[PDB]
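Take a look at this single chain in structure tokens; it is the form solved without its partner chain.
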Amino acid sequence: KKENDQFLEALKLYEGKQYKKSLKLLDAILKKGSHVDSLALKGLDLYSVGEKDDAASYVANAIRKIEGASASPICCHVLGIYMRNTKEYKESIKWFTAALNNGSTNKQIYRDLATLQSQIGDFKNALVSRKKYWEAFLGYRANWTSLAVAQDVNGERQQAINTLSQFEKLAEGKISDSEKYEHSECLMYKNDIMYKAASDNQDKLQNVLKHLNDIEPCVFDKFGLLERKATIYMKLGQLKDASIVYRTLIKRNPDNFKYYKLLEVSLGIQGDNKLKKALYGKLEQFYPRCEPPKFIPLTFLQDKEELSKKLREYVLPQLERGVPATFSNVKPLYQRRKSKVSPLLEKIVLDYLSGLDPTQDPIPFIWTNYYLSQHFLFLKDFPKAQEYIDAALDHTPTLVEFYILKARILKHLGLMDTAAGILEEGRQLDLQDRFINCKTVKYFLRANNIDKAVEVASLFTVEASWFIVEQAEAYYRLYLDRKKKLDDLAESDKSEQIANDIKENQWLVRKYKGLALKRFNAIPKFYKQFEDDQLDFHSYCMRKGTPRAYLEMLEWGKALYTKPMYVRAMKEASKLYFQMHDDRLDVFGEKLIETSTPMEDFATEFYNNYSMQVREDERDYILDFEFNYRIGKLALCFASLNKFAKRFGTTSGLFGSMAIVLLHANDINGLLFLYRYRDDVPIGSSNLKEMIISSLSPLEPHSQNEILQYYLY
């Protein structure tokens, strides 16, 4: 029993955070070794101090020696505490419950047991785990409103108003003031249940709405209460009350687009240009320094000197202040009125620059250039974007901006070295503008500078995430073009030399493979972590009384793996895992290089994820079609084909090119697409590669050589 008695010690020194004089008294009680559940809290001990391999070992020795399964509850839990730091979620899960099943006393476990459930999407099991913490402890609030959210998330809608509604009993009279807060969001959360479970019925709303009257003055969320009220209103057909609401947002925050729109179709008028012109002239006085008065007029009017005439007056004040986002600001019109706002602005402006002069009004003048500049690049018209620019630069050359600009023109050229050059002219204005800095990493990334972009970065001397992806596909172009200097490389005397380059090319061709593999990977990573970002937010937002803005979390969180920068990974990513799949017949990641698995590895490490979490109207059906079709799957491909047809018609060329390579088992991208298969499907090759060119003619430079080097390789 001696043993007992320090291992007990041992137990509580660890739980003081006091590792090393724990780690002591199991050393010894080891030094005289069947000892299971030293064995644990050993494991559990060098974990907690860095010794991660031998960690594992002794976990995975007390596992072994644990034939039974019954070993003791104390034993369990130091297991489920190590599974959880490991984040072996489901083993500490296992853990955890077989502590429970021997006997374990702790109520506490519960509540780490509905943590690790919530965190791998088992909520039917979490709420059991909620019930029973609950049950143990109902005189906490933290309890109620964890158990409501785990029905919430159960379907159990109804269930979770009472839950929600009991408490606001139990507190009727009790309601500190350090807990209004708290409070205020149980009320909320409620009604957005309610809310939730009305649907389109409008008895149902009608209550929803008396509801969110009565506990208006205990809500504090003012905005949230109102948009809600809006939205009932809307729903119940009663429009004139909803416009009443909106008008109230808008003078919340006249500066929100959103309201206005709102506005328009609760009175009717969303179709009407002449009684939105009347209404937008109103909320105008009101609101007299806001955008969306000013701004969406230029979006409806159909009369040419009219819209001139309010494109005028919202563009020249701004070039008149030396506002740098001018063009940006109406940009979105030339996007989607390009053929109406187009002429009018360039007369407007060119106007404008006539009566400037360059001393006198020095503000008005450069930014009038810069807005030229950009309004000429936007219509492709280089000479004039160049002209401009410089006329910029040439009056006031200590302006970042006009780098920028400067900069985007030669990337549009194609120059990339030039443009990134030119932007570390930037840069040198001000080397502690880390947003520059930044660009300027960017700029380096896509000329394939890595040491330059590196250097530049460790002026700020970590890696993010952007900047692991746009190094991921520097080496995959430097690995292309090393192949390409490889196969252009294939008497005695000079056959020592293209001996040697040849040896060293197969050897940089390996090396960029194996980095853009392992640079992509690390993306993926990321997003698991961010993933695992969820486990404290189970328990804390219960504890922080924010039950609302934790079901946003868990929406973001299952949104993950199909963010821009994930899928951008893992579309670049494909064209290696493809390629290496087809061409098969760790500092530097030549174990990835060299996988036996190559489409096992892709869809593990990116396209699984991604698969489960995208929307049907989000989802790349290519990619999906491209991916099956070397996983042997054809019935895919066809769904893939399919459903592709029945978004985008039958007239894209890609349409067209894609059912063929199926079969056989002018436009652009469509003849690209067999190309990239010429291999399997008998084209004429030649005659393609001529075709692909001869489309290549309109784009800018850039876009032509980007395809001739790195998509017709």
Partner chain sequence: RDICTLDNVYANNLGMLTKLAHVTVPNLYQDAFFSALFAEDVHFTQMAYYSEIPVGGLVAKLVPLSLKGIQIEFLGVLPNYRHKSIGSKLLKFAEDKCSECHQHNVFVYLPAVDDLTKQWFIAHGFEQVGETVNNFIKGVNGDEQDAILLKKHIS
Contents of the next structure:
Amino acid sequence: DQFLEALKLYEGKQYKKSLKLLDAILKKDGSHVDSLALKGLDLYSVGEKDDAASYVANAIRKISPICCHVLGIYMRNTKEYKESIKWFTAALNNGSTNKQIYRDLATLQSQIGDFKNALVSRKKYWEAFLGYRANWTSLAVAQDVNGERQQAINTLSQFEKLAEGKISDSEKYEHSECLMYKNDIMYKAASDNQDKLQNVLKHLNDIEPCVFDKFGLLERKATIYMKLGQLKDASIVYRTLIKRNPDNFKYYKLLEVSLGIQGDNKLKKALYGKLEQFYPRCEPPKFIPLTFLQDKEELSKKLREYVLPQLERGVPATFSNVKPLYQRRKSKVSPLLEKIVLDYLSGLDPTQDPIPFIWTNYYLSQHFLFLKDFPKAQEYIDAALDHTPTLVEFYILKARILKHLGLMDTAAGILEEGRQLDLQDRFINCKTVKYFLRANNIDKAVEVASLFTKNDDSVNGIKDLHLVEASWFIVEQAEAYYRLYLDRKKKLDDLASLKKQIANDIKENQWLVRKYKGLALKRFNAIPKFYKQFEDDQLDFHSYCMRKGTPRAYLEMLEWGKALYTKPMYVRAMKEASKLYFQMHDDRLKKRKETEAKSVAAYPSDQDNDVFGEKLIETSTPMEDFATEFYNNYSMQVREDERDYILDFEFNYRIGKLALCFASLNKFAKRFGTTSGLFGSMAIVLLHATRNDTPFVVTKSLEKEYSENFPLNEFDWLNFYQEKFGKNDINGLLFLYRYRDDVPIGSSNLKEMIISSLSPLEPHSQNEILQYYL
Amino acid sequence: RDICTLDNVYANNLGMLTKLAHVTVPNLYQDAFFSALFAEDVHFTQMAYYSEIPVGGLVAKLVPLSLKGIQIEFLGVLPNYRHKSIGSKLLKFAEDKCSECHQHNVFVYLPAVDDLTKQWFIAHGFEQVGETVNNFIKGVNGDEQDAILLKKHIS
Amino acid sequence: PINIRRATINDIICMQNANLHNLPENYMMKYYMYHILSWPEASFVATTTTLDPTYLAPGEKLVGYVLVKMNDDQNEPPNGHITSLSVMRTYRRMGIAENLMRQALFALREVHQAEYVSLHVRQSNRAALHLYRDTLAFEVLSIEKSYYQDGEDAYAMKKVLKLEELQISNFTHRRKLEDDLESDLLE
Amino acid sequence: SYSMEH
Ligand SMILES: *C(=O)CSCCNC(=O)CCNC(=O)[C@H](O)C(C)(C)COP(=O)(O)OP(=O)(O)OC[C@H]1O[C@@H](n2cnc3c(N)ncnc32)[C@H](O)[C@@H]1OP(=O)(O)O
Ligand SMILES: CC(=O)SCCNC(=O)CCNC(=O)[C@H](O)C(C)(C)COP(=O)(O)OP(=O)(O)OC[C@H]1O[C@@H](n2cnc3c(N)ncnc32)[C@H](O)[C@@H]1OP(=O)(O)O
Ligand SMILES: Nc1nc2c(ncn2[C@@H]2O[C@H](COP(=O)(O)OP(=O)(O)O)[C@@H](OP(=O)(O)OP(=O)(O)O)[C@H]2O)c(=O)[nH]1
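Given the form solved without its partner chain above, what does the protein look like in the form solved in complex with its partner chain?
Below: every chain and molecule of the assembly, starting with the one above.
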């Protein structure tokens, strides 16, 4: 009665009005399970989230169908989808006639990957609402994911038959997408079967005038003909796709196979020249030839014919357009283009031909920057700037050269010069913020970055940057705070040595290291939180893409969701953060400036109390934290061919799981090794771990597999490594060095061997190893 | 369109104008001079583009003996983009504002020693009024110099 | 060189990343999901290519994007909206935006029968204005005072869409032999 | 550029 009044007001968004009533109920029946659960959801909707969880837990400790439904909504709200499924089921089991639960179930089940049960939910909902097309598509999809391709197709075809001439204009798009999806399912089943592929082709032709995804239709068609062996009748299709988008390199490369001229370059150059006439402004016609030709007089006509009219019009990316040719064919191309533009430059007057002059200088600066001729690079770009000081692009290229030379502060300053010319442009601002972070200048970076952020309730844009998921800024800042951490640690161990006002200083240095170690880890932990949201963001789409009618696209979402914790920025943050977590495990085995907190605040006051990240760095279980916050999710999704075996090796070494360490090492040797210095590095570290004093069986596997690779029965390992794996394997050395405690090998003679191996590296790379890894 | 066009200055591209002004006319202009244009005198600003590149600009003032009308305070073009009508377009804009403001006079103070520039103004229908004004320009480095005043009547 | 293709879910993290680098107007990942899973034929991207944060594959990385949707607020005939457009600064002034925009304009009509398209653009943004007003021929529908967060006004722009006008073959030449499709490329 | 402010 009175509880039912309060349930309406939840759907009616009158959350306080609802609570007013529920308090009256619980005043005279504080043990009323129904009221308690609904109170939690009302209090969450506000949301006083700490009271909400307490009211819910109290209700749960006391064990209705409507109560189960309310719990289920709350659990989904708190991302407890597994518990949401328990309570949504309990509503049905305890006599609910609301058939909308089956749709909410299918959503949750799909969300947690349980498609077996999703198929059941899809079916029962479809049986309760055959009227709506979304529920058919929904069902067909669930069958598809459970391998029932033929059952899926049948479901789609049944709706098609029921609505042969019943599709309105507002339904035409959804219809179009469901046709191609049915074609998709058929296509899979056909594999390479000629008869079936002919039927798939048949099907594609009937739907064409009702399918609006022409590009999609045509791409499918071309792949069919190729599978049928009708290569010529596929070439006609690839030529239609090129005419619809003559800037797609992929369509050109496929046509080479379609006409079977892929082999000889004589036939290829004849084609692209003919294409050049049709699409003169497009890239592939003129670029593709360059990849294969060796006939000097023939290609140098074209390279010149390609790169000059770009420099004529003054396109910035000209060099970037040919950087592959450089990268792939350094020997053949780089001493040839050099001359072919340097002599063009020689015929250019700066007053009469300004645009071509300055951009021809821009190319040559990048040219000699690539060849590691740093004075030559600076020379030409200086010439460009002095000529026309109003192009931000010239300051960008210049600042790259100085970063390559290790002059981080100078480089950042050059961008800062360019930034002031154009305060409307965020790209230059970003690149400036990036370079200042690289020179460990965080205050300046934050200041500059804050010029483009909504700072309505913060002193700077840190919060706003977390709100828009700006991983670019957050990963970089994390890494800077890490460098500032290590640098101020060394200055603490140098202050420890000088004991013969220093006590004032070390007290300040001891705050700085805690502050910078904490904020580094704080910032690295913002990334996984983003990607966990990305996973949660799929929730709505389990039902939304069914109504809108985008099943092909929804299936792609699922694959995308299954790869989230393997994407470059998640992996970058993980690996970098491991350095901190690992060392915190190693180390334990062997306020007034709370005013300052305001400027480092990343999350709202309500949610976050630990702003400097003190709890994070002073945890008692660093290895469990790394697993929960980063490693676990990456491990369950990552593919074998992209798996970082060095990381999982180093991970298992600190949780007492050596058997795995062997597996990591073993698998690494199968792809890369077994002559890699890293393979050596890891092996030697694992062997020492087996026996005898070490606090931890694996020896068996060592002698089983790699007896002829190492002198196992056991000496000079550092020498032996220089014999077996070569001295100049820089990375294997570094690996050993960080295990100098648990594996002594003349750590000093290792250190210098590394220092002697640095000579061939670029300035910045030498300095950073010298400063941050040793 | 013409390869050279004009467009407005805003607070975002004010640094463009200062860089143009600092290379073409070193030492004359204070840092705060450009600030006061958008920190908020009735001013008129404009930039000159060649192939969408900032290669010149104008800063002109409205002033209510005479010494009246539109004062040119900056008119600069990068070296290599000179002799392409660009400085003339910037001048014509300043003249056009003079007419739009219902003013009948445009004037400018040049360094008395700078002759190449003096003739370029006179070539555009300017004429000297009076003679060398004693120590009128003050440089950022402290230095000083006599200046000359050119005047052109706009009907 | 720069490649031009359709957008998929696998580009949106890099699309977001380009947006964050190139514009003051930024959206959360869910908004990009909402786009690419609603109009999976409308958006296009520009990447680098290597033959035999923005990194999608080895060698291939996103330098531009055009984020596109249909209007789903009613009740008018079907129309489109250009949500966002960026091209990393180092790859600007090459015709990337034109190619993205032209494809998206043709998509909006061909796929969704959009009879027109709207967008918002800052007054002071010269490059963006040239593209829409000059290169693409958009009419200024209105001025929108204090549209952006920093307080800057916006032009509300619009373009009517007709299928044959928008075909990509029409703009092949800056200033005229075609491919008829019927044989042969051996003549 | 669409603005998502409110
Ligand atoms: C909301 O999203 C709608 S408003 C989009 C504003 N975006 C934005 O400001 C992001 C930063 N800028 C860019 O990403 C980029 O500069 C664009 C997208 C504005 C333009 O990209 P492109 O570099 O690809 O432009 P093109 O297609 O190469 O050029 C098309 C025409 O525009 C002229 N152009 C280019 N840069 C210019 C500058 N800086 N100033 C004036 N005009 C510029 C080109 O000359 C070209 O004109 P044509 O006459 O040659 O066709
Ligand atoms: C204190 C203050 O208010 S600021 C004083 C501002 N100036 C300075 O301090 C110096 C900085 N700027 C300069 O020196 C520039 O050269 C300016 C602004 C004087 C002129 O810029 P330009 O771009 O050369 O102007 P523009 O191209 O219109 O002038 C070219 C001259 O040749 C003519 N001309 C036009 N096109 C051409 C051409 N292609 N070739 C040769 N002459 C040409 C013009 O009529 C003009 O007349 P003149 O030669 O008889 O004097
Ligand atoms: N296309 C391509 N690019 C490659 C390849 N190998 C390395 N690069 C790098 O690409 C970088 C260009 O910068 P971006 O990668 O766009 O930087 P961003 O992610 O921060 O935007 C250069 O490094 P950088 O100088 O560190 O960049 P920055 O610091 O100047 O941004 C260059 O060395 C390759 O095979 N192909």
